[PDB]
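Using the sequences and the hints given, assemble the complete structure.
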Amino acid sequence: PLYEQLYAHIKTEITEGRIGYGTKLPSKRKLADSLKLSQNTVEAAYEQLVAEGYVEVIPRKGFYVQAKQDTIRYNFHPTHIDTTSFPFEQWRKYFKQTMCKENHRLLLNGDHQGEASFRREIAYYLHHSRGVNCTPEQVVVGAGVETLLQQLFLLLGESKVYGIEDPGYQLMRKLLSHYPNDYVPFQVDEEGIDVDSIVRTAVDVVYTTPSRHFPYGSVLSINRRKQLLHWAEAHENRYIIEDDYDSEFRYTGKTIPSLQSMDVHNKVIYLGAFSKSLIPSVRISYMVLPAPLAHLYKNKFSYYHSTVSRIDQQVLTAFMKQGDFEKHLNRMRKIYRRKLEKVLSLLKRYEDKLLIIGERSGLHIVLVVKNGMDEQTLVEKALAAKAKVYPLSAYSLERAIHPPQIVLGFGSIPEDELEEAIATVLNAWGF
Amino acid sequence: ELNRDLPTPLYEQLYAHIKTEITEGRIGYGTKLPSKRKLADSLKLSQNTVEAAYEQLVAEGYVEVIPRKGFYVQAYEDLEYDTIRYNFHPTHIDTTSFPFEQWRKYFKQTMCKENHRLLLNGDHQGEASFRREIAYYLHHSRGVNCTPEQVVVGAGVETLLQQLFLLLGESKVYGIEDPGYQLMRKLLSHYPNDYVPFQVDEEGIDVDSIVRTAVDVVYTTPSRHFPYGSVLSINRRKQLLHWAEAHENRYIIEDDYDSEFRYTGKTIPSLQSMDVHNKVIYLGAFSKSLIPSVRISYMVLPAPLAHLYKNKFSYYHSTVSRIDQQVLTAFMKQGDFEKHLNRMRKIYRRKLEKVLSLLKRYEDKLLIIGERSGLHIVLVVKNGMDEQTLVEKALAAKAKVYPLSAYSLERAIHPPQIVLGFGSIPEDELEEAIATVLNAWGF
DNA sequence: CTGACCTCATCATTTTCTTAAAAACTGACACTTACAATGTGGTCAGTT
DNA sequence: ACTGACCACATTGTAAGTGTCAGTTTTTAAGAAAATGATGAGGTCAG
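Note that the protein sequences, when read in sequence, are chains A and B.
The first sequence maps to residues 15 to 81, 101 to 464 in PDB author numbering.
The second sequence maps to residues 7 to 87, 103 to 464 in PDB author numbering.
Source of the hints: derived by calculation from the structure; they are not laboratory data.
We treat Cβ as the ideally placed atom computed from N, Cα and C, and that holds for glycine.
All the pointers check out, no bait thrown in.
Derived DSSO-like pairs: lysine-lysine, alpha-carbon spacing no greater than 27 Å straight-line:
| # | chain 1 | residue 1 | chain 2 | residue 2 |
| --- | --- | --- | --- | --- |
| 1 | A | 403 | A | 375 |
| 2 | B | 419 | B | 386 |
| 3 | A | 126 | B | 354 |
| 4 | B | 367 | A | 134 |
| 5 | A | 101 | A | 414 |
| 6 | A | 403 | A | 421 |
| 7 | A | 129 | B | 309 |
| 8 | A | 101 | B | 134 |
| 9 | A | 134 | B | 360 |
| 10 | B | 421 | B | 207 |
| 11 | B | 287 | A | 42 |
Restraint ranges, calculated between C-beta atoms of paired labels, are given here:
| # | chain 1 | residue 1 | chain 2 | residue 2 | range |
| --- | --- | --- | --- | --- | --- |
| 12 | B | 409 | A | 363 | 55 to 61 Å |
| 13 | A | 122 | B | 433 | 55 to 61 Å |
| 14 | A | 383 | B | 337 | 34 to 40 Å |
| 15 | B | 42 | A | 287 | 17 to 23 Å |
Residues from chain A that keep clear of chain B, each with C-beta distances beyond 10 Å, as calculated:
| # | residue |
| --- | --- |
| 16 | 149 |
| 17 | 331 |
| 18 | 350 |
| 19 | 424 |
Right under this line is the structure:
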């Protein structure tokens, strides 16, 4: 339009320098007549110019110029949950129920921790499922476990030591790489972590997964748990973090109570996750904190907002306020149990070479290969067979184990393709 | 003793009994259990339930079984040892004008049974679609020149700023605007880094003080200055760009607050447009325009800093859900964003004109410092009373207001100056709101 | 030989799953009205 | 005499609206049917 065409047509002379600073622009009320353009167009162009300060105007009118991967048939790892059996038509029914024109004032942020209903529901569910004592005020909610962990890191300080078990999930190493703190490895036997090693050391906060040990699946006894609680009881400024990795997926023996139940003097914090059950890409997590530390955190981090969208909070609290969470959880448990039974029975024949180690509960198995080939050749053959696999040597930074044990997960593989996938992998290995 | 009437099966009551007997201390270390047959006969129960309870006990660790022999306890216990009627933020966006029924259609179009293989996460940089449409929108609305692969996505501005802080280092010295938007100081209050406060006049940041000091990175808004609405001139922009160019380890960050709501003067080109030396990083927002509660944002980087960010944070995962990301990609793909933006622009212009015209009459004791563009206006009360008394009297009539005392490190003017916003006040209530607040005050 | 590891059988109560018709829904083309955009023309107060 | 800003009214065309319709979708009380806690009677193998 001419409205800004004149603006550009004159801006070219101010920028290029047809007239220097202080020189008058061609005219006022006369340039319009000479160019035949209407006066209003000139007025608009000059106002646009003085908006950006290309030309400065004296109060009385004078013009002062200014100077994942592309080709994979399959992939194996415990991260990928199964996705086909998600009841979309049950999610949409609550979504269209929660976001309606009538219900405004849910589009603006508030309750910096999270929606009060969501916190109350989480407290009730945790207390009546995992035996975890809690309070509605006690819980905090954020998006991704990473943000909660970084909040904890900034809350504690840069003057503490962290204990990470060597065969484990490569998270705390990657977080502590950036931060000043340093980590101390710890080996783990078939009954738990080397609590004797910890009590023979001056570590302060240690990262453990009592319910199920990634990836070997070992379950901590009561004696070692009691010893660890007494170890935390000794001093006044030591804390133990409990990670709820993959509970509620145990088949035979119900499920094991969480370590937070044993806490009586407030030295255990309950960390959890929410995106390895419902959706891998919905990004909700949660955390509980002991009364003094939670009170301090409330008094310390007032100015942050929530991190996960309020829409998701409301829709999901309405989703599992009615009770569909139990139904979905049970259906997933059944399908995963059947998948695991089929895979184990299929692989049972090659028992001389493949010793399955671990326990049934979980979403994955770890298998040791007694063949003479090297693990690099194994993974390269798997990828060259259009079915990539993820070895365990990356999950532990110590010396590579001579028997190359390769991790296998099956959440991604469809129920009807399990046998074909296993057959293709084993044919690739040359059996 | 045993009810048999509780919903929990004997498969659990037997466990409860044995657990309380072991933990109370009536069975010691290494003691023999009655195995399966004897206990099953004595308790007139099936073998299956007994073996299930015993195997479950073994799994949790109380007792250990040696094959073809009896159980043996492995559990030696030492036991322990008032009523806000009219909100006033210069941050709220209107709710009623929001087309929900256009959101719903895209939501139902994107998430279906066929659309699996999307619940699984990935591409923490953001799927190439969302990036390419956001880059195209920025290029054709703000004159910003950057390929799609530079941009990133994160949940809000705070997370992006924390990632940038970790990426750059703790040795730098940061610069902020005048007493104003209280974000960077609140973030740096927890980090070793330090900030150098500044003063700005009615035209913009004093670039001379910048060039006479050795600050490393300085934070300011080229398009609209919170809360005075000042616009930086071309001369000061050029001088700031030269100052950033002068050294080789100094960066300028650009934060456009509401640079798309300029009513008359089209859209002022963004500072990134003039950068040819690759020294500015763009910071935007999707939450001061569309929804203030979905928590989305975006940010742009130059090529070497892009490589550094790629090599440094390659093992994170985005905090923005793929559901919202894809549905909003579809939202802007067909052009509905422009229509929504225009509608909001027009309604906000009407609201501003109405409120200004209403406030015109009482010009004797009050003034208007803010300019036309923006979502809020700054006024001074020349009544002989302190700001805190005005705020508490505002509370006294169930209509609270938020002054500039918290915004200001110093004391600007003894006659209090107070910020008012109108994002969440309906059109047919502005007159009543202003009337009741003026009644609460001396007028 | 009594002692203890184990695998099927088939019984039961109470939760999950499937099919139809009857309900409310919302995309597609259509058209009737607006309405704020630029734009021209002709004013205005008050300087100097 | 040189130039502040405030009306008129003209135009194109995007946005705003009600209309009946063809059309995918949602709700319901059945129906049926999977699964588990439970009783039974066995399989081998040791010492």
